[PDB]
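A.B. asks: Based on the provided sequences and hints, a complete structural model is requested.
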Amino acid sequence: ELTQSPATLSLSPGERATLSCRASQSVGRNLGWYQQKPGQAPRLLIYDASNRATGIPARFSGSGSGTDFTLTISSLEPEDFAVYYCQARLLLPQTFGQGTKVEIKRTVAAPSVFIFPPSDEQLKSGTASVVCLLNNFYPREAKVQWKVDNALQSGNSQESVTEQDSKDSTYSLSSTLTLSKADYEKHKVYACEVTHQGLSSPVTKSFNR
Amino acid sequence: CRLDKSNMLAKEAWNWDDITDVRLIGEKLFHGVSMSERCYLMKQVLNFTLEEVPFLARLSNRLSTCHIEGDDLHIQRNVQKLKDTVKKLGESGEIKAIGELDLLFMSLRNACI
Amino acid sequence: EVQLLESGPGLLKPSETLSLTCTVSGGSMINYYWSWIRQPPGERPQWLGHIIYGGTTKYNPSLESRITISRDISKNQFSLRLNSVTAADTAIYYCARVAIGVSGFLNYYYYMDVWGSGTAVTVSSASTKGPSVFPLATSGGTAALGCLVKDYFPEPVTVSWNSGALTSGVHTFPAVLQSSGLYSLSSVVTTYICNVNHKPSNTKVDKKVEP
Numbered sequence: 160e161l162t163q164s165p166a167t168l169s170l171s172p173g174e175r176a177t178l179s180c181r182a183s184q185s186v187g188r189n190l191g192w193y194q195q196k197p198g199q200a201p202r203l204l205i206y207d208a209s210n211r212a213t214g215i216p217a218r219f220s221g222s223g224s225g226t227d228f229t230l231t232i233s234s235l236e237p238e239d240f241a242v243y244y245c246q247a248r249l250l251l252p253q254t255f256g257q258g259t260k261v262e263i264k265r266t267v268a269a270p271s272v273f274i275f276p277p278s279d280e281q282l283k284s285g286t287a288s289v290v291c292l293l294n295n296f297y298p299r300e301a302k303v304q305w306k307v308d309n310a311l312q313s314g315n316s317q318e319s320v321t322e323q324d325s326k327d328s329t330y331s332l333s334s335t336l337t338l339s340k341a342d343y344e345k346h347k348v349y350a351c352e353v354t355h356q357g358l359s360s361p362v363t364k365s366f367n368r
Numbered sequence: 084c085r086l087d088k089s090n091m092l093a094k095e096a097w098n099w100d101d102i103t104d105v106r107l108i109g110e111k112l113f114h115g116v117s118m119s120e121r122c123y124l125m126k127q128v129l130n131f132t133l134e135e136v137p138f139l140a141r142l143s144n145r146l147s148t149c150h151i152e153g154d155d156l157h158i159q160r161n162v163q164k165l166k167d168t169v170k171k172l173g174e175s176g177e178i179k180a181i182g183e184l185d186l187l188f189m190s191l192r193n194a195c196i
Numbered sequence: 501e502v503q504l505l506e507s508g509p510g511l512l513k514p515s516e517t518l519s520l521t522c523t524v525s526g527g528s529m530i531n532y533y534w535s536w537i538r539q540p541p542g543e544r545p546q547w548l549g550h551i552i553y554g555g556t557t558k559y560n561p562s563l564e565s566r567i568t569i570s571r572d573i574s575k576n577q578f579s580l581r582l583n584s585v586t587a588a589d590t591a592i593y594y595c596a597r598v599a600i601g602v603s604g605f606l607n608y609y610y611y612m613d614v615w616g617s618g619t620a621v622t623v624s625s626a627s628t629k630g631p632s633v634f635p636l637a638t639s640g641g642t643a644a645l646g647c648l649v650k651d652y653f654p655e656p657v658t659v660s661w662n663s664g665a666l667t668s669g670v671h672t673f674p675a676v677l678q679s680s681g682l683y684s685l686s687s688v689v690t691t692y693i694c695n696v697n698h699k700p701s702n703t704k705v706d707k708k709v710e711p
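Protein chains in written order, with our numbering: chain G, 160 to 368; chain Y, 84 to 196; chain H, 501 to 711.
Be aware that a few hints might be false.
Unchecked claim - For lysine to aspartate or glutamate, the following EDC-like pairs were computed, each having C-alpha atoms within a straight-line distance of at most 16 Å: (1) H/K708 x G/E322; (2) G/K264 x G/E300; (3) G/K306 x G/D342; (4) G/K260 x G/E322; (5) G/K260 x H/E655; (6) G/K340 x G/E280; (7) G/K260 x G/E238; (8) H/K629 x H/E655; (9) H/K558 x Y/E183; (10) H/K513 x H/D706; (11) H/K707 x G/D342; (12) Y/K170 x Y/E183; (13) H/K708 x Y/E183; (14) H/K708 x G/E280; (15) H/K707 x G/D279; (16) G/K196 x H/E655; (17) H/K558 x Y/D101.
For the record, the hints were derived by calculation from the structure and aren't laboratory data.
C.D. replies: Next up, the structure:
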C-alpha cells in the first residue's frame, strides 16, 4: 500500500517543494505521480519514478526506488498549488495514495465576520435562513457556533468553504442556520460566534429580530 | 552454464492476457538462487516443460552439459513449485504453462547470457 | 493528441443503472488497457475496473456484483455499467487510458496516462426545482452583501454580479446539499445586482441587493 506525506504542505511561491511516497513492499521503479487541481481531472506527471510525462515542465522531477520515492518541484509556480497523488501498478483496494495538498503559505489573517438576517421576501415563504460569513482568513481552521437567545444550536446549520484564493491566499466560509418562520419569530437574539487563531478572543456577530 | 546472444506474436501478448494477473514464471521462481546459478534453474524449467518446440530444443540440447556443483535442492524445490502449479490447474496448468512459452524464452536468454 | 471524452447522464435516481461511454479520439485502443476511475466528493481517485483489447476485464471487488465494463473497438469506445445505484455512487467518473508493459524483475508498469475530463454523476430521488433568490443586505471598515440562492435541484447554478462587471471581492461558495435533497449556495461581495442562472428549470433572476 502507498503512504503519502505530509497530508498538507504549506509553502511559498518560488519555494522548492518535496513530497514523499512510501510503499509497504517494493514496487521497483514503477511508481507514478499525478497532479489534480480543483475542478479538473488528474493528470500524469511522472512515470517510472523519474520520467516526466508528456508536456510536463522541467521544474518537476522525481526519484527513488523500491519502497521510498520523492517528487520535487524545484520552484513552485501559481499553477503548482494542487493535490499530488502517487500510484504504482494495480494495487487494490487503494490504487492511489491519500494525496498531498500543496497550499500557499502566508501569515495568519483573521476573518472579517458578518451576520445577515433572513430577508423579508424569504420569511413570507415560511422559512428563515441566517447567514454568518467569515471572510478572507488564514489558516483554514475556523470554528463557528450558532446561538439563538443564547441556546447553542445543533443540527440546523451547514457550512461551506471556498478554495484558497489565488491572489491573497485566504479562505472564506459561510454558515447558514435554517429554521421555520414560526420558530424564528419566537426568539429574539441571533448570534454566530467565531473562533480563529488570528483573533485575540472569540468574536460574536449578532442581531435582534 | 551459458548460451549466446546469437540464440511473431511479439510482446503484443498483453492485448490478450491481463498483464496484472499472476504468471507461472515470476520473481518467486528465483528466490534464494544465485545469479551464477540462474541459467541452471532456467534449464530445469525448460526440461520440465518440453518433457511434460524446435527453437526450444536447440536451446535445450546445448544445456545437457549445464550443471552446478554441490547440492541443487535449493534449485529443484523452486522448480517443483512450478510443476505442482502446472499440474494442480490440470487443463489450465497445461494451457497456462503453454500460454507463457515466451516468458520462458525471455527468462532463459536473460539468465544464460 | 489522444483525447478521451466521457458521455453519461448527470443525474440518476436510486436503483437505476449508471451507464457511461468513453470515445477515444486520435489514437487506437490496441496495446493499452482502458479503465474507469471515480472520485467521490472529498476522496482520492478510486479504480473501478479495466478492460484489455481482447475483451478480458478486471473489476474492483467492492463493485464486482454490480459493474460491467465493455468495449467496441470498431467504434473506438468503451463503456461502464453499474447496477442498482445509490447515493453512495455519487462521484466524478473518469475514463482513462492505461499504459502497461513489462518492467523490473518479471514485473509490470501501469500508468493512467490520458484522462477524460470527467462526468459528474449524482444519485438522488429529488425533482427539478428553480432556486429562490434572496438578498443578503469584523475586519476592514468594510461591509459585505450578497445573494442567497436557495432550494434548487439539480446542480449547477451560475452567479455573477452586475452582469459580470463586478468580480473583485466576490466569493461564490460551493453549494451544500440540504436534508430536503435540495441545493443551496450563497454568493457574497465585500448598485449591486446578482445574476443567478439555473438552466435546468430555465430560471434567470436578477436580484438587486439594497441596504
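A.B. asks: Taking the hints in turn, state whether each one holds.
C.D. replies: Verification of the supplied hints:
{"no.": "1", "hint": "H/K708 x G/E322", "result": "violated (27 Å)"}
{"no.": "2", "hint": "G/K264 x G/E300", "result": "holds (14 Å)"}
{"no.": "3", "hint": "G/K306 x G/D342", "result": "holds (14 Å)"}
{"no.": "4", "hint": "G/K260 x G/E322", "result": "holds (12 Å)"}
{"no.": "5", "hint": "G/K260 x H/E655", "result": "violated (26 Å)"}
{"no.": "6", "hint": "G/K340 x G/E280", "result": "holds (12 Å)"}
{"no.": "7", "hint": "G/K260 x G/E238", "result": "holds (13 Å)"}
{"no.": "8", "hint": "H/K629 x H/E655", "result": "holds (10 Å)"}
{"no.": "9", "hint": "H/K558 x Y/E183", "result": "violated (20 Å)"}
{"no.": "10", "hint": "H/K513 x H/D706", "result": "violated (31 Å)"}
{"no.": "11", "hint": "H/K707 x G/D342", "result": "violated (27 Å)"}
{"no.": "12", "hint": "Y/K170 x Y/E183", "result": "holds (15 Å)"}
{"no.": "13", "hint": "H/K708 x Y/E183", "result": "violated (73 Å)"}
{"no.": "14", "hint": "H/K708 x G/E280", "result": "holds (13 Å)"}
{"no.": "15", "hint": "H/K707 x G/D279", "result": "holds (14 Å)"}
{"no.": "16", "hint": "G/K196 x H/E655", "result": "violated (21 Å)"}
{"no.": "17", "hint": "H/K558 x Y/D101", "result": "holds (8 Å)"}
This entry does not satisfy hints 1, 5, 9, 10, 11, 13 and 16, going by the numbered hints stated previously.
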